[PDB]
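Colleague: Chain by chain, the residues:
Number of protein chains: 2
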Amino acid sequence: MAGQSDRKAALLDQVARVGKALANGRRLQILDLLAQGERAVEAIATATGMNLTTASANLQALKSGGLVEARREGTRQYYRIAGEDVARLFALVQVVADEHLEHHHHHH
Amino acid sequence: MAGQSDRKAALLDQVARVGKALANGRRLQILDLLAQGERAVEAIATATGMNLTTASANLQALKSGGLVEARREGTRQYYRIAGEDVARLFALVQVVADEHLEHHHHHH
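Same order as they appear, the protein sequences are chains A and B. Position 39 (the first sequence) corresponds to 39 in PDB author numbering; numbering is contiguous. Position 3 (the second sequence) corresponds to 3 in PDB author numbering; numbering is contiguous.
The set of hints was computed from the structure by calculation and includes no laboratory data. Mixed in with the good hints there might be a few duds.
The list treats identical chains as interchangeable, and a pair is accepted whether it falls inside one copy or across any two copies.
As the list claims (entries may be wrong) - Keeping only pairs whose Cα atoms sit at most 27 Å apart, straight-line, the calculated DSSO-like set for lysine-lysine is: (1) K8 to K20; (2) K20 to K63; (3) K8 to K63.
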């Protein structure tokens with residue numbers, strides 16, 4: 001209670017940070033693809049129709065946000081969602097948006 | 001038959017939209033405040049130390065993302081989290097953020 005703890009602003013900073021990474025749309029194609037399995041940069045880029053150079057750039061953007069991480073198998077860099085925390089969050093935002101855009105008139 | 005149709009792309013646009021709303025720290029504080037109950041613009045503005053007109057813009061942005069809804073009674077415009085689903089999202093990301101905000105050292 002002494003004074004006030006504004007450290008929560010750093011918490012909001014992290015929330016905004018992951019938001020900035022997610023807010024793009026095209027980079028969500030990466031998350032969606034990684035949710036189907038962890039993949040190498042070459043695989044992710046080509047599959048989504050993006051250049052490897054540009055992919056590495058925005059993968060680092062997602063990595064710094066805290067969405068994805070990278071593992072080195074041999075000489076390939078495989079990207080995977082940092083943790084199920086972000087994975088389930090991405091699944092959540094997909095579902096919550098889906099059932100709102102597809103607001104079905106359930107009626108029998 | 002159905003060969004190829006990229007419909008998921010529009011779904012990602014909606015996700016990017018809510019991401020932009022979450023990418024605003026000043027407005028995230030409002031979400032944490034409105035998670036405590038529905039309150040009129042005047043109350044929200046004063047509590048945060050922001051102008052009513054500016055707060056309205058902040059609130060409108062959140063509402064446009066689908067974060068909060070406008071529940072009007074009498075002569076007051078109360079803002080509240082659009083749904084429990086959305087509240088659980090903000091709660092989730094807040095927990096995820098906090099979980100990464102200094103994980104500390106557990107040596108017991």
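Colleague: Next step is simple, just say for each hint if it's right about the structure.
Modeller: Do the hints match the structure? See the list:
1. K8 to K20: Both. Shortest intra-copy (18 Å) and inter-copy (20 Å) distances satisfy the 27 Å Cα cut-off.
2. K20 to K63: both (12 Å within a copy, 18 Å between copies)
3. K8 to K63: both (22 Å within a copy, 23 Å between copies)
Against the hints set out earlier in the document, no violation occurs for any number.
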